[PDB]
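We begin with a single chain expressed as structure tokens, specifically the form deposited in one PDB entry.
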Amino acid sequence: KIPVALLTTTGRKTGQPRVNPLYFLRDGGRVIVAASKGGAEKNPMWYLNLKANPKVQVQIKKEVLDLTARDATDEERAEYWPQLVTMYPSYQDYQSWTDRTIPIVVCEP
């Protein structure tokens, strides 16, 4: 069905590597993911990690990408959110059901 990417972040507290599966969008070299966490009240821990340490590793099939993660700008949100929703309509439901704006993370080389 929908492929997952494996995102590795550095635990902001422990400094240990943390891996989590996510759905993703490609924009050339960029990988885009949404810190939706099924519409939880709070941002997922991996998001907190990458905001404390922007260096992340992303594995897609056999490709291992060393990228730098940051929040999408207003204009990037406008471009990527609708693509994310088209690919996985549940994203819009999560956003509908949660207070926080769901972060969109741009991972770039």
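Heads up, when I say rigid core I mean the largest set of C-alphas that superpose within 1.5 Å between the two forms. Numbering follows the first chain given and starts at 1. What changes on going to the form deposited in another entry:
Summarising the superposition on the core between these two forms, the listed residues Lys42, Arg26, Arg70, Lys55 contain exactly one with a Cα shift of 2 Å or larger, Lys42. If you fit the rigid core between these two forms, you'll see the Cα of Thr10 move by less than 2 angstroms.
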Given for the second form:
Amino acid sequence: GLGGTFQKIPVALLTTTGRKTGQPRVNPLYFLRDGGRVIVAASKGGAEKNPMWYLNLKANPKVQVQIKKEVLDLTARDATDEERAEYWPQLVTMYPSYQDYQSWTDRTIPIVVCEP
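Having seen the form deposited in one PDB entry, please provide the structure of the form deposited in another entry.
One chain, no partners, no other molecules: that is all that follows.
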């Protein structure tokens, strides 16, 4: 039950710009890569809705993603509903800690597409 992670769980470091500060903030997140896109997500919503990184990128879509030692400059947007339903099962399959197949239906769980 290692899913798709083998012996190393993949995590991306997302840098967003503070919506009040205009200074960078970094957050480790699970992700998928889909061609040139990087999809990032949180696994919890409800009390954890609207984390700072998400609010930052809603205000300013320019982000950086570091995966291993690769650094990408990307632009972020919400996954559309179709994309939520398409990518969430892939995240469930990849990561053993993502277990609820239907959590994509809860809009308080952010799912963000970062593209070039």
